[PDB]
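Have a look below at one chain only, the form deposited in one PDB entry, in structure tokens format.
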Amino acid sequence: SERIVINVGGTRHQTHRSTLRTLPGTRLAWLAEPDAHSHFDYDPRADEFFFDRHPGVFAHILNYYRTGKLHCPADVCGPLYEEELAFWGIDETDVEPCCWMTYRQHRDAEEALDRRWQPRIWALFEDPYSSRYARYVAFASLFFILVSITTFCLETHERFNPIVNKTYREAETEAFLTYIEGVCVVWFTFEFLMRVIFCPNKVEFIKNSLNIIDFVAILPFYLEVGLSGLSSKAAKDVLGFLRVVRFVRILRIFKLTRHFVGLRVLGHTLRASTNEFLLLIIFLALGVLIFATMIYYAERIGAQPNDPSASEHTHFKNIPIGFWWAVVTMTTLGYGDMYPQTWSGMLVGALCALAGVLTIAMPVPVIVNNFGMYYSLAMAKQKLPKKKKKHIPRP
């Protein structure tokens, strides 16, 4: 009576029926029922029930039954213990805080990480290795995107933008850069039309940020061509705004870098560390405010109440400029454009540097470990390709 022997994989586990009955509604409680002999795998010769499971972790499940707190064995994986808990009927949300992080770790990382020739036309954007012409198409896209970025950067330069005499010496960009941009634009509009020919799930295609960027980058050239026909002052202002807008041409490099695994892992880490990024932002804002105020007040210790020369011997004429000084000092950047020149200001600056180091190194390690785990998991996915299951399940 009250003595029940559970044989888990050849290991005899002995406990009381009241111990099993403690947790109701589970398989071991059903074992603690007067019909378990007729409801389970029981042999009368040994008076023991046989379960074909892992005894090393069944020890810990029975220890949960005994004590009342569910822990996870540190000598097996979270997934292994989770499968055993699922079989034995235990809720995985009963696990103690001392086990929760190491238990829900691989699962959290995995959840963070995760018309005849119309397919032939849609293969234009597809993996360059997945076809023969796709390789050349992708290489041409690489070359044209790089050339467009280079032409943009050269357009911002001064050697290619001279001041020719005109209605005064107005500075105009050399026209060969515009011709190169025109060639790039005709290629890019060919590619965009070829990809728009095949647009399954047009809602998702429009919602796609990469194609949004491509259209936004292709608009300004045509808007400029149309604008130049009309010679008005408002046309000139819109032309200048279009020149500002042309910065979207450098965003086309994310199309090229989208396939890099480290970039995808970084995106996953950014999406999963929102709380830590907010923590860093709040720490920086509080430190910047406090240290800007402190340096403003410390750089005029002993100054007269209304002497205009109070702010004449300092870089800290106000608190908003101390904001910039404080961020530069806390990041250990130290440009040197503004620094304290008084003993109290130097004390405050030393405090600011140390506090910046500490409150930068608080959440950055959390984000770093998140990235490390996600990168390792993705790399394992790359090192271990899916293969034959090799395991034939029992019917």
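Numbering follows the first chain given and starts at 1. Only residues modelled in both forms are compared. Under this definition, the rigid core comprises the largest set of C-alpha atoms superposing within 1.5 Å between the forms. What changes on going to the form deposited in another entry:
Among the residues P97, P320, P200, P305, the single one whose Cα moves by at least 2 Å between these two forms, once the core is superposed, is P305.
The two forms, fitted on the rigid core, differ between these two forms by less than 2 Å at the CA of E83.
In this overlay on the rigid core, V238 has a C-alpha that sits 2 Å or more away from its partner position between these two forms. Fitting the two forms on their rigid core shows CA movement of 2 Å or more between these two forms over runs of at least three residues at 224 to 227, 232 to 241, 302 to 310.
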Contents of the next structure:
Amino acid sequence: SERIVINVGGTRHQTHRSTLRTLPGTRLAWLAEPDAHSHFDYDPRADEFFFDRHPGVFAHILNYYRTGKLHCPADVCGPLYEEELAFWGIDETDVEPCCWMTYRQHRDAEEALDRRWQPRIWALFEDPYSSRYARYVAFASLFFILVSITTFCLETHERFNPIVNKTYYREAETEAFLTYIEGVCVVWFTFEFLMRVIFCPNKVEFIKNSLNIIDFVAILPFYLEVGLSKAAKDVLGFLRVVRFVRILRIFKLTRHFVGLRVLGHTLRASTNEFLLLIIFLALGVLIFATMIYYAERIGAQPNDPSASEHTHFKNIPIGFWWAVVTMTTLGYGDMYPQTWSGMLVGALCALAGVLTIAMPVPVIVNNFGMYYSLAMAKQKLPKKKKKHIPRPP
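Here we have the form deposited in one PDB entry; I need the corresponding form deposited in another entry.
Here we give the lone chain, stripped of any partners or molecules.
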């Protein structure tokens, strides 16, 4: 009467029926009731109920019954404790904030990290290692993306844009070689795009796929040569700006990399820290721009009609630029303080920038480290054969 002995995995836990009776609806509560002999495993020889569970954590569960606050035992992996409290009926959203960030850590990382010829057609878009043709087409598309990017970067150069005379417009024209190489790359990319269009299951998600969007936007300007006078000039002007995306085709290749998927998950999972960093920088930039603009006017020469003639800080927005360059410890040197007051404000800006940049960035860095370790583990670990054949219920 009032003393009940729980036998968990061969370790006898003793407690009063009242302590079990505190938290109702849970399995131990039902144990405390007078109709428990039939309900649960029990032997009249020793008057102990037997549960075939880890005892080392049942200590902590029973502690939640005793004191009233549920904590995570720091000597067991989060998932192990999760499964134990799941069996005992304790709700997992009860743990104290002192032990919540380590408990809900692996599960946060885990959640963040998560007709006959049609297969052979689609095998050109599957993983490279999934076939030999796949690994060849992947190498070829890599070569052609690189050639496109190099053509772009060389097209913007001077050596390949000699000035010429047109009869009466004077301008610089691009070499023919570049246009020919661009045509070749467009032919290859359009062939690939048409072959991919051949098989397009769930065309809504195919259009929602950012990669295919980038491909089509990148292939639009060249194919607009036939389509393209007054509107034609504006559309060409925006067509150069569209061609600006042609470097974005490199993500098609780098998507199969692991570190980049981890980086995408890190970014999408650390929005709060990015917003925090941007707010810190905005406040710092504004405050220090105002401070330096006013400091640099103290020593202004009275003779000059303008308020500031000898200082780079002729207004506050210029202060914004200097404040960013100085807080990130970049320090180009295009504009710097030139008055003792300006120098004081500048030293404060450098130190405050180091601090308010080093506040949230370590949070973000720890997120990436955790996700990368987990992803590399899940990649390295050989595929299991589920050695444990579970017993029937």
